[PDB]
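As you look at this complex, bear in mind that one protein chain is not there, while each of the others sits in place.
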Amino acid sequence: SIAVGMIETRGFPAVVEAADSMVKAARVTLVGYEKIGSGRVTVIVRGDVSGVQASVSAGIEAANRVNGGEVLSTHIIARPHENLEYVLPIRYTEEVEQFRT
Amino acid sequence: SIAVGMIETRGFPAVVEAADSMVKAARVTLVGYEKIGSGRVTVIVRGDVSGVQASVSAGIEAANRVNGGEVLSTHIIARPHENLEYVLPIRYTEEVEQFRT
Amino acid sequence: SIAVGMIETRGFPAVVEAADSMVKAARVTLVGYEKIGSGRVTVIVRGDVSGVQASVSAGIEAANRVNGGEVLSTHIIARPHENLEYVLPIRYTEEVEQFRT
Amino acid sequence: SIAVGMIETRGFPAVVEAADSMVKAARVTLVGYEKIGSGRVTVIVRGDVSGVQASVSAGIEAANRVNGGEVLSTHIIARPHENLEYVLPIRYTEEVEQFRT
Amino acid sequence: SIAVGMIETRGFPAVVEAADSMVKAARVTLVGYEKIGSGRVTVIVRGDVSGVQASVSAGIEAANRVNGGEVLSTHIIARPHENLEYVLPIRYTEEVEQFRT
Partner (left out) sequence: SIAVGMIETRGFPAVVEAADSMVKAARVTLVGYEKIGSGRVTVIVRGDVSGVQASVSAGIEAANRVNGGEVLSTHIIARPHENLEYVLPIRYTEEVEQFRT
């Protein structure tokens, strides 16, 4: 359940820049982006605890510097419980895509 | 119809942390997360009444401590009526997934 | 066109408790739950006029007592017009489910 | 292109009551209900100009009397242009339903 | 890429009246209506520059006269770039409908 790092934000252009940062600032895998509605959107990454940290870190600074960047919330569980992974979009995609479509 | 515990929240990062808590603080199964729109999202678990309690409890404290955590609503029916289970997302998933896709 | 009873609410956990009430407080069948967007969600039941009443009644008290329960709107047509039933989600589901999927 | 009558409203319970009225107050056919998002929902009927009137009239009074009824907008084109009918949900449904599903 | 004329509006009944106008006031084809969420909805038409003008014109006056008409935004590109047409809903529908369904 390698640490999970996510960061919410108001606006899409700022969420992309946050995602580009996290994935660059550390050895973290961008797992997905979640839309809660009301201009709110989270970006989730996975990797070690200090990896997931270093990236959630940068991500936030880069997001805010955006022409409208508004980091709404931020969090990271180090060793997030497993059951959690089969209920939330903290995991991988692409795979069962052929079946969905 | 083992007790049902859910907790709403504004923002996704705070709903995940709420879910990670509930599922850890007790013997409860995270059944799913519901999106009502407008930054609002609920997390639902299942287990005994005191199990579902102990977890909805912790969940709320952990959510609020989040960098933007905003617990919107909270509830738990101890012995929630059956018909209710076949109309609301209080149950299990994964199973008929192959057919949907 | 047996009377129709519904109750809107802000938040999902409060809408479930409202539904658990109505369906218990009287001989009413929970037909479905509607999402209008913006944290708003209605619960609809069917039964006699006094049955659909007694339940929409309880439902409201139980919803409000919820940790965030916010009953938004409430209504009941006693003998609601038929055409209405084939345009709104006031009816039954499950049946043409195999075809949809 | 028999006149078209519709009425928007905040909340679902109030839109249903609006629909139950229009379809009763006149010889109008409830064609459908549209969701624009943000608690907003329209109800559309069809019939003569004075029929579509008499019903959009009542509809509004009945909606407002609802425990949360909030008529947002209201309109009626008497002889609404045809092209319009093949781009907006002002028409009939049910028919190509078997193919969709 | 014959000029494109669109007009946003708060509420559905006002967007329909806007659409009924544009399509009548000129030789323009109502291509579609877009929902951005939050009671906001645009209506798009196509035709010459002066045709698409004359209609976006009327449309706005007719929309505002509606019992709740609220024209939110308005625009028209005369010779809108092609790539744009294969990314936005400025074009025609109906055609690949059988496949979608």
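The first chain written gets the first letter, and so on, giving A, B, C, D and E; residue counts start at 1 in each chain.
Everything that follows uses one rule, which is that a contact is a pair of C-beta atoms (placed from the backbone, for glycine too) under 8 Å apart; a residue touches a chain by one contact, two chains touch by 3 or more.
Peer 1: Which one, A:4, A:14 or A:77, makes contact with the chain that was left out?
Peer 2: A:14
Peer 1: When the complex is taken as a whole, what residues of chain A touch the one chain not shown?
Peer 2: Where chain A meets the chain not shown: residues 11-14, 16-17, 19-20, 23-24, 29-33, 35, 37-41, 66-70, 93-94, 101.
Peer 1: Where does chain E touch the missing chain, residue by residue?
Peer 2: Residues 4, 6-8, 34, 36-38, 40, 42, 72-75, 77, 80-81, 83-84, 86-88, 90, 96, 99-100 of chain E touch the chain absent from view.
We take it that only the chains that are shown with their structure count from here on.
Peer 1: Just how far, in Å, is the C-alpha centre of chain D from the one of chain A?
Peer 2: Chain centres of chain A and chain D, defined by C-alpha means, are spaced 42 Å apart.
Peer 1: Where in chain A do residues touch two or more other chains at once?
Peer 2: 37
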